[PDB]
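Fit chains 1E and 1Q with the ligands to the known structure of chain 1F by using the hints.
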Amino acid sequence: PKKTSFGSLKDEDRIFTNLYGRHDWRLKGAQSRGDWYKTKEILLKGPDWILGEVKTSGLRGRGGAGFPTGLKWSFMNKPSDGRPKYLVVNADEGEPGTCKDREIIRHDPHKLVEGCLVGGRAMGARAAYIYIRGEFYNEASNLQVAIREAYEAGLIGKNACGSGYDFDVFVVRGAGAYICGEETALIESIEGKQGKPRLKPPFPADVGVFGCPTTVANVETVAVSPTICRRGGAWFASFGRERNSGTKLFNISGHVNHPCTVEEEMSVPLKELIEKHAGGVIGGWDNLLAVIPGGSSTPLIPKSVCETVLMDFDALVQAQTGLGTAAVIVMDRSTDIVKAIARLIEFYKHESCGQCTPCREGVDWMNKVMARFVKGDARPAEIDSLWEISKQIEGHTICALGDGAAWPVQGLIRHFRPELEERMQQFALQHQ
Amino acid sequence: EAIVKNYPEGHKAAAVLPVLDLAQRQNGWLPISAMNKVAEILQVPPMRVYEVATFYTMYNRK
Amino acid sequence: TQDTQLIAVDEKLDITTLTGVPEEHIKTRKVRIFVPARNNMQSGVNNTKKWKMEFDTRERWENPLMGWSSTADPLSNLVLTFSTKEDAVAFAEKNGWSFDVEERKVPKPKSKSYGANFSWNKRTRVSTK
Ligand SMILES: Cc1cc2nc3c(=O)[nH]c(=O)nc-3n(C[C@H](O)[C@H](O)[C@H](O)COP(=O)(O)O)c2cc1C
Ligand code: SF4
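Quick mapping for you: the protein sequence lines, in order, are chains 1F, 1E and 1Q.
Residue numbers in the first sequence follow the authors' numbering, run continuously in steps of one, and reach 438 at the last position.
Residue numbers in the second sequence follow the authors' numbering, run continuously in steps of one, and reach 93 at the last position.
Residue numbers in the third sequence follow the authors' numbering, run continuously in steps of one, and reach 133 at the last position.
This is chain 1F alone, in the form it adopts within the complex:
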């Protein structure tokens, strides 16, 4: 009837079966692994049926925010006012701890291409723009080899798959900016400007890239869709809990015996992931200090919280953190957590686009303050100031980079204030 322990996903129900590149990644291998199967029928069922199945699966955003996919994709169901419509696949993957998108674009690129076709048909888009980060040169070239095979086989382009739908897939490499993972900053980076995010009340579904209706989607969100439509949608919904449904790619990095990328059933306990797939934290589970669950934006949790937490959006939101990109960065007890969070804040300072005052000035301010916190060169009355500054950045910026910089600070202050004050007191004792 119902599930209560959402783990131990089998190989049969894993979407990304060429995750480690141990099979052919080209068209011939991908076809034998189920790809590009009855795509003509999926397209001919119509956009309404495809979107209905994407809603039935309960799939949410796999690139952070986790907004439901079927509802987001249905903003394009409107009739055309003359302007073109595009699907913009987000392949930037700039979040520290996250390397899951990199693995699809080079070992299952045809999954991404056919997901582009299925989704763009669902949104009624003429072309797909895959914006990959410029650092993924080999992955981008693998993706474009796959796109070339899809074109030469008639699966993309004129009369795509025999459906009569005309669809193009263009790859546009980035040039070294993490802010270009943000959907509107990505849009403006496609348009040849600085990667600065736009103010939202004009939404990408109305005014997107080139000023046309667009939907920006993560690589995994796009790539799972052909298996969602071809396997049932109900089949996808039978994995994980309610709301947060399906399966996810997990990046386990940090103080782990076997850091790895694995596909595990959603709502999996963090313990099962770390022990079964990652081989456990070095020194055992007793040696665990924090774990950052969903990439650098998601605030850390302590070992007590991480002891009995489940890996989905709702369970991790209950734990004052987020699921983010399902990039778990575990830290053993031999870790300077203040140094780690200061390094993350330094990353966010280096990646701020500088457009808006709170991110531009405040993230730099928080980096300056956190650098002192590593040395202890501060008074304990500055911790509350750091909290207030982070809340002043949070909810006051154009994009979510300010929020994702303020959140690691809050997660450090929330669970490791004694360590910060201990460092400050040691510094006061050393420097009289």
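Worth double-checking, as some hints may not be accurate.
What the hints assert, rightly or not - Computed list of chain 1Q residues with no C-beta within reach of chain 1E, every gap over 12 Å:
| hint | residue |
| --- | --- |
| 1 | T8 |
| 2 | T23 |
| 3 | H29 |
| 4 | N43 |
| 5 | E97 |
| 6 | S102 |
| 7 | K112 |
| 8 | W124 |
| 9 | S131 |
What the hints assert, rightly or not - Label pairs and their computed distance ranges (CB to CB):
| hint | chain 1 | residue 1 | chain 2 | residue 2 | range |
| --- | --- | --- | --- | --- | --- |
| 10 | 1F | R132 | 1E | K93 | 36 to 42 Å |
| 11 | 1E | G59 | 1F | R154 | 27 to 33 Å |
| 12 | 1Q | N50 | 1F | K397 | 44 to 50 Å |
| 13 | 1Q | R127 | 1F | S11 | 58 to 64 Å |
| 14 | 1F | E313 | 1E | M89 | 50 to 56 Å |
| 15 | 1F | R385 | 1Q | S115 | 47 to 53 Å |
| 16 | 1F | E313 | 1Q | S115 | 55 to 61 Å |
| 17 | 1F | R385 | 1Q | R36 | 43 to 49 Å |
| 18 | 1Q | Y118 | 1F | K9 | 29 to 35 Å |
If you are wondering where the hints come from, they were derived from the structure by calculation, not from laboratory data.
Idealized CB from N, CA, C, for every residue including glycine.
Coordinates of chains 1E and 1Q with the ligands only, in the frame set by chain 1F:
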């Protein structure tokens, strides 16, 4: 030319990043003359190419 | 309306003989009734709300001793404030000052659309942000 035809007519300023990257991959880096050449080729203002050059960290301006 | 022995009076109020102003500074002065323009250096509109009465500026010379700015105009600094144009013109008329009053200039309403900055086929699209 193959890069420029990937974007709709009237929106070829969308090729500044890949054309600049091609300039870097040929020359090795971006002298200001390469920035001016890209601006001339795409008929965008040179300052617009300067912004893209100085914003994206993969561009070697030295 | 009240027992004050209401006496009929003309509707041309003239208090010039009672103000004590010398006769030169009534007939020869020309006051300006206006709403002050917004200082273009700032974008605050709180100084463009009341009506002003200013006199015509006269000669300022240089003091031979110190090089200071001298004046013989008693009304060089006199600036009155009013809530409406009508109040200002009534005050100028009962004081016998010749005036020119200009209509208040307010900003016209403007259609601001952030989404125009990313137009698909219009010149309103911006090349930088
Ligand atoms: C600073 C920042 C970086 C982001 N980077 C990525 C990224 O690399 N890949 C991604 O898929 N989404 C990224 N996102 C999230 C996108 O803005 C967007 O919400 C998402 O791509 C929408 O598709 P989804 O609903 O399928 O996740 C980023 C957001 C922010 C604020
Ligand atoms: S929050 Fe930071 S990255 Fe986002 S628009 Fe503002 S300044 Fe730029």
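Here is what the structure says about each hint:
The claim that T8 (chain 1Q) is not at the interface with chain 1E holds, since no C-beta of that chain comes within 12 Å of its own (minimum 76 Å). At the 12 Å boundary, the C-beta of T23 (chain 1Q) stays outside the reach of chain 1E, the nearest C-beta of that chain being 63 Å off. For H29 (chain 1Q), the condition that its CB be more than 12 Å from all CB atoms of chain 1E holds, with the nearest at approximately 58 Å. Distance check on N43 (chain 1Q): its Cβ is at least 31 Å (rounded) from any Cβ of chain 1E, clearing the 12 Å threshold; non-interface status holds.
A cut-off of 12 Å between C-beta atoms confirms that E97 (chain 1Q) is not in contact with chain 1E; the least separation is 58 Å. With a least CB separation of 55 Å from chain 1E, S102 (chain 1Q) remains clear of the 12 Å interface cut-off, as annotated. Interface exclusion of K112 (chain 1Q) from chain 1E stands, the closest Cβ pair being 31 Å apart, more than 12 Å. At the 12 Å boundary, the C-beta of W124 (chain 1Q) falls inside the reach of chain 1E, the nearest C-beta of that chain being 8 Å off.
Not every C-beta of chain 1E lies more than 12 Å from that of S131 (chain 1Q), the closest at about 5 Å, which undercuts listing it as non-interface. Checking the proposed 36 to 42 Å range against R132 (chain 1F) and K93 (chain 1E) shows it holds: the Cβ atoms sit about 41 Å from each other. The given range of 27 to 33 Å is respected by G59 (chain 1E) and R154 (chain 1F), whose C-beta atoms sit roughly 28 Å from each other. For the pair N50 (chain 1Q) and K397 (chain 1F), the beta carbons lie near 31 Å from each other, so the given range of 44 to 50 Å is not met.
For the pair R127 (chain 1Q) and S11 (chain 1F), the beta carbons lie near 60 Å from each other, so the given range of 58 to 64 Å is met. With their beta carbons about 42 Å apart, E313 (chain 1F) and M89 (chain 1E) fall outside the hinted range of 50 to 56 Å. For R385 (chain 1F) paired with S115 (chain 1Q), a C-beta distance near 52 Å keeps the hint of 47 to 53 Å intact. As the Cβ distance of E313 (chain 1F) to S115 (chain 1Q) is approximately 57 Å, the hint placing it in 55 to 61 Å holds.
A hinted range of 43 to 49 Å for the beta carbons of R385 (chain 1F) and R36 (chain 1Q) is inconsistent with their spacing of about 59 Å. The hinted window of 29 to 35 Å between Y118 (chain 1Q) and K9 (chain 1F) is violated, with their beta carbons roughly 46 Å apart.
In terms of the numbered hints stated before, the structure departs from hints 8, 9, 12, 14, 17, 18, listed from lowest to highest.
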